[PDB]
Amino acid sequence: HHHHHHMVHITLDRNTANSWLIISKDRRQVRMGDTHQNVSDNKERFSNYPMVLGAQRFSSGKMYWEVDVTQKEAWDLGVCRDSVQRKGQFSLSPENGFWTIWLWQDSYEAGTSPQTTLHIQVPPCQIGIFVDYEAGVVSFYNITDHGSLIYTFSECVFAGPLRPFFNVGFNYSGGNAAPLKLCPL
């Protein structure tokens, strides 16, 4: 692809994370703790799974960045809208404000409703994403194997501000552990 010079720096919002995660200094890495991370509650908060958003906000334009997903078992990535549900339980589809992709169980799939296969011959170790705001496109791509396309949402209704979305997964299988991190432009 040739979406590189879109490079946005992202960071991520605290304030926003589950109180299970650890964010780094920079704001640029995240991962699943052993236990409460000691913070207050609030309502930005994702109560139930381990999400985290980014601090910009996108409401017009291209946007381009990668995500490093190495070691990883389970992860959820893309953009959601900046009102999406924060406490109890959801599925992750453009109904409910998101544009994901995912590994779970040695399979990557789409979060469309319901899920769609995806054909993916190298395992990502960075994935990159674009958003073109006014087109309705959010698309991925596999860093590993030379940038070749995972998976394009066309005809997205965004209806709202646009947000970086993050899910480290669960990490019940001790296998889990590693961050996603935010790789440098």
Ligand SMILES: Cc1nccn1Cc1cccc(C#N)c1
Second form
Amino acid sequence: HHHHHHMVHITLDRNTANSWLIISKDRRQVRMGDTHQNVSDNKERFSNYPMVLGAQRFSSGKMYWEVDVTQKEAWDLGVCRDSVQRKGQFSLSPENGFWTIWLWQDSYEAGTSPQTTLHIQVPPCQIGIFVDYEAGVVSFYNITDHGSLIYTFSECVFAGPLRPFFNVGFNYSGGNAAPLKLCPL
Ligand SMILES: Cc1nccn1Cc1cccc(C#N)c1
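Write the structure block of the form deposited with the ligand bound for the protein whose form deposited without the ligand appears above.
Now the full complex is given, and it begins with the chain already shown.
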């Protein structure tokens, strides 16, 4: 891919974060805390999962960013509609306004309904996310493996402004404490 030149500076929106997340001062890193982080509740916060949105809203153009997933056992990444449900249980699917991939129990899957098996030979330490709003495309790249394609959602029906989407995952195992980090351009 030659998508690097649509690079955008993404920062995390504290106000959308699950109340257990800790976002760094620079708003470029997020990790799961071992307790409630002493913030008030609001209608923006993801209640059931360790999720947070980027501050940026996209309704046009081409956008690229990279996320560091080093030493994590579980995570979700991609984009979602600004109007996605925040409270209660839900599945990550394009019908619900999400265009995502994830790692769970040693397998990588795309958030289709039902989910799609991914074929990755080189476990990624960094993921590139490309969005072409007009084309209706969301693509994922393996930065660790020379930028190799992981998955392309095509014919996407965004149906509104898009926000960068992150899930740091639970840490029941004690092996998933590491942060998601937005990588420098
Ligand atoms: C109340 C509770 N029972 C089990 C675990 N937790 C903490 C929790 C719940 C939902 C999302 C997050 C995050 N992020 C943390």
